[PDB]
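Q: Listed here are the chains, written in short residue letters.
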Amino acid sequence: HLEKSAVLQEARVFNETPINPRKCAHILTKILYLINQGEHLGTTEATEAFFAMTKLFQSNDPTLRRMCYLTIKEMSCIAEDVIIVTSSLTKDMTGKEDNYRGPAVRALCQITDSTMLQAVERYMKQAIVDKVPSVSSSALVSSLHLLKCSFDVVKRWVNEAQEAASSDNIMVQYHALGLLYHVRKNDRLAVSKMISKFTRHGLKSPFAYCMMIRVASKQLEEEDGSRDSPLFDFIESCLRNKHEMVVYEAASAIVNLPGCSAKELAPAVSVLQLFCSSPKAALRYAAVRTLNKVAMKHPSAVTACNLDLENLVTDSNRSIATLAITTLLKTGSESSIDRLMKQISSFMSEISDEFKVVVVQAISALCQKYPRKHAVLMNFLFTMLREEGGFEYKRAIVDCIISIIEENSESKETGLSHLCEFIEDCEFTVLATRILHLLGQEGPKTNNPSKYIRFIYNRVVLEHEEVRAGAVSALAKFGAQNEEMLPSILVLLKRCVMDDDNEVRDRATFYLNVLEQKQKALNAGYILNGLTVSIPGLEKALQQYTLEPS
Amino acid sequence: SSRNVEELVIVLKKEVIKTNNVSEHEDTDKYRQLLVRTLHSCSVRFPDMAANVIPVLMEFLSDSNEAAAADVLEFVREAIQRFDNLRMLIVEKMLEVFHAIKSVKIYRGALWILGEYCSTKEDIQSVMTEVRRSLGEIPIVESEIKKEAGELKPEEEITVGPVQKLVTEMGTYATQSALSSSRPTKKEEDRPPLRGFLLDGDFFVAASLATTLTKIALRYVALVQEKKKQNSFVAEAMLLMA
Amino acid sequence: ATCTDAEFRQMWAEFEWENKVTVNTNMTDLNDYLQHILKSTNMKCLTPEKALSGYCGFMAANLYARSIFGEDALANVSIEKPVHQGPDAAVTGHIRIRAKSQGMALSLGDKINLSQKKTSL
Amino acid sequence: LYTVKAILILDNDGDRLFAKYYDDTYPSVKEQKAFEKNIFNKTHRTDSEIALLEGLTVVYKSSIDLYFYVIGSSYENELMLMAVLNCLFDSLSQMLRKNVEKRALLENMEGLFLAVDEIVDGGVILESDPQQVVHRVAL
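Chains as they are written, first to last, in the authors' numbering: chain B, 21 to 570; chain S, 349 to 590; chain R, 848 to 968; chain L, 10 to 148.
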C-alpha cells in the first residue's frame, strides 16, 4: 500500500510549529498501516517522528489520541528521547471518557519504566477500580506489564485490583483475579487468600473461571488462612456454569486429583462432567473429551464415543475431522487401543496425504505406546513401509532398527527383504539402508542372504551416495561377523557402484582394505552385532500424536 | 583425441564449473560435482590429464560458494586415492573455501584433502578449526572425516595442532570425544552401518604411511583405470544422460 | 515381448513390483519348467538381476511382455536354490511380479508352477 | 492472563490485509505473513467454529472475501474464542459503517487498527463487547 520512508519523514513537521490534528492523525494512520501491511521502519526517521508526535498531544481530539497511543507503542522501541511523552499520556489518562482512559493507560504503562512508575499510580488507582470494563481491564493488563519495571508500585494496587475482582463482569473480573494472582505473590498463601474470596461464588464470567482454574488446579487448602477441603465452588471442581471449555478443563484435573470430590450437582471424581456436555455441535470438541478420569480414560471413553467416531469416519473436512481424531485420542487408553487402532486405520481414508503417513505411523505408534504386542508394532511398521515407501525417512531406519532388535530382527530383515521388491530406486535411500543395515547386522540364516543381496545390489546403482557408502561398510562388517559372506562382498565391491563412485569409494577403500588387506582385528572389533550409528528413544509415537489432527 | 580422453578433457574444462565464466558454473550441486568427476576421470584414464586436471580443479574451487568448493573437493579427493603424493600441491588451495560452509559436501571433501595431504602443509588446526566450530549440514561429513583426518607423516604439521592433534581430532570426529580443533562439529556418524570403530582401532602408526588410514588414503580401492567407471565417469557428463 | 536390463530397470522404477508370491516347483532353475510355463502366459525369461557368489546365487530372470490388456507384464523369478546354510525355504522360488496395474502380475505369479494337459480318446 | 494468541483478518489467500499480533512470536513481516498463510490454509474451505492448527484451537469465520481469525489456546473451546471472533467481526462492521470485506477494511484502515487493539491487548482479551469497542474508538 505505502512506503515507510515517506511517511516516517513527513511526520517531522510536528516537531516544529504545525500541529494540524487531521494531517498528523492521517500520517500516524499511515505508520500503523506500514506495520500492519507488513513493513519495517527506518530508525533515524522513526526517532525523529517520535519526538515530533509528542507536540501533537497538546491537541485533544479522540481520533488523534487514539492514533497517538498505537503509534507510540509501535514506534517506542525504535525511537529515542521517548520519556517526554509520559506527561502527555498522564494529561490524557485523567481525562474522562473511555477513549482516553483505557487506551492511554496501556500506551503510558508500556513506555513507563520504574522511575516513571510513581507518576502513573494516582491515575492507575482511579482507572483499575472502574466497573467500566475498558478502563479497568486496560489498567489491570497495564499493571501486569509494570510488574517487570517495578514490582512494589504494582503491589500497592492489589486493593484496587481486588476491588475489580468482585465484579461479575467478565472482563473486570478475569483481569482482576488473573492479575492479582501474579501481583500479590510473595508466598503461595497470600494469593490463595485472594482466590478463596472469589472462590465461593457461581460466576457468569467464563474467562475468570478459566484463568482461575489454572491457579486452582493443584490442591490448595490454605486459601484465606486454612480450610478443610481443596474446594473450589467456582467451576474447577464444580459445574455451576456449563460451557464446554470450562467444563473440560475442570473435569480432567478434578477426576484423579480432586480440586474437590464429586457432588450430586457437580461431579468431580466421576467421569460425568465432560460427558453431559458431550453430544453437541462444533462445541462438542471440548465436551466429548476425557484426560485422566476415574480410574482410567476408558469407562469415560464409552460415553462420547458415538460423537468422536462418527465425525472422525464421516467428515473429510479437515477442521471437523481433526477435532474428531483429537477427541478419539483423548477418549483412548491401553484398553481403548483395539478401537483406537481400527479408527485410525479408517481415518486416512478421509484425509490422505501426510495424514496417510500419520495413520500408518499411528497404528504402529499406538501399538508401542499401549501394548497390543511388540510383534504387531513391527507388522504395522511393515504396513507403514508398504503404504508410504518414502515418508519413513532416515530417523525411521534408526528408530525401526533399534526398536526391532529388541525382538523382531530376524523377521524384520526378512520383511524388509520382501518390502525391497517394491521399487528399485524410488523406494528411497532409506529402505535400502534398512534392508542393507539389517541384512548386514543379522547376517541371515533365517532366509538366504542371497535374495537380500540381489535386491540391495540393484538399489544401490541408482540411489544416493549415503546408501551406496552404507552398503560397502555394511558388507565389510558382514564379512567380519560371517566368513561365508566374503565371496559376495568381493563381487559387490569390485563394481563401480558399491565402490568407485565418490563418497562410496573413499569409505570403500578404507572398509575394503581393512577387510581384504588387513588383519581384521579391526573389522572384528568393529562388528559387535553390526548395529546402528546411534540409539535414540522411540521418537515416532509423540510425533505422530500431535501431527495427526493438524 | 588420444582415445576419447584428450578431447574430453578440453571439452570438460569448458563444461565444468569455474570462476572464469559464470556460464559454465551453476549452484545446483550434483551437476557441478558430476562435471568435476568427468574432468577428473580423464586423468584416471590417461596420465597426461592428471597434470592438466589438478590446476583446473583449483580454479573450480575458487568460486568460493560453500557448495561450489564442495563438489570440487569431493572428486579431487578420489583423484588423490588414485594419484598418490602427486597432488601434494592442491592441498593449500583446497583449504581456502572450507570456512564459509552450509553443506556436508565441503566439509567431507576438504577434510579428506587436508587430511591426506598433511606432510605437505602445516596449516591444519587453523583451517579445520573454523569449520569444526561452524555449522551447516554434517551427517556424511563424519564418515569422510573419520577415515581421513590424521594421514601422512607422523609430525609434519603444526599451527597450534600438529599431525597428532589431528589424529586426536580424527578420532573425536569419528565417534570419540576430545578437545582439539575447538571440538568437532558432530561425532555421531552417517548411515547406520559405517560407525567410528574401524578407524578408531586404526592409526596404528599415528597418521603415517604404513598400514593405517594413510595407506587407504594413498591407495585406490580395486582396479582404477580407463573410463570403465572405476574412479571414472565415462565421458562428459551431459552427453551421458542421453 | 522382451526386455533388456535397462528396460527392465526402467520399468521397475516406473511402476511397483512389490507384490510377490512364492510358487512351488520353481525348485528348478530359470531355464527348465519356469521358462516353458512363462512362455505359455506369453512371457519370456531374459536378462538377470543377480549378484552370485558363494553366499549369493539365486537365479534371477528379468521378464517382460506387452500384454494385449493395456498393460505390460514384468517379473523377476528368483529361485531360492541353497547357496547358504540357511536358505529362504530351500528349493522353490519366489517370483516378484507386476504388470502395469498388476492385473497380469498375478498370471505370472501362478503360471510358473505347473501346467499340463493330455487326453487319449 | 492469556487467551488469544493472535488475530488476523485475511483475504481469501491468507495474505495480510491485516494481522495484529497479540503474540510476540510474530513481529517480522515474513513470519507474520507465513503464519497468516498457515492458518488460512487449514481453516479455509471448511467453515466451522473449530479448527485445530499448530496444537492451538483456531476460531474463524468467513465473509465474501475474508476469513476472520482468533487463534487461542486448545485447552479451551471454540465458543470462548468465538466470543472474541464475534466481537472482531461485529465491532469492525459497526465501526467502519460497513460489513467486513477487504473493501471495508481498506476503506478505513485506521478504524480497523484501533478497533482490533481494543479487542485484544497483548494476548489478554481486553474487550469482547462490540458496542463498547466502537464507542471507545473514534474514526
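Calculated directly from the structure, the hints in this document are not laboratory data.
Some hints here could point you the wrong way.
Stated by the list, open to error - A few chain R residues facing chain B, derived, Cβ under 7 angstroms: (1) 860; (2) 863; (3) 878; (4) 880; (5) 883; (6) 895; (7) 896; (8) 903; (9) 907; (10) 911; (11) 913; (12) 916; (13) 917; (14) 935.
Unchecked claim - Here are the simulated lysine-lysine pairs, BS3-like style, with alpha carbons at most 27 angstroms apart: (15) B:43 to L:107; (16) B:24 to L:70; (17) L:111 to L:39.
Every residue gets a Cβ at the ideal spot worked out from N, C-alpha and C, and that includes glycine.
Q: Please write out, lowest number first, the hints stated earlier that are contradicted by the structure.
A: Of the numbered hints, 3, 4, 5, 6, 10, 11, 12, 13 and 16 do not hold.
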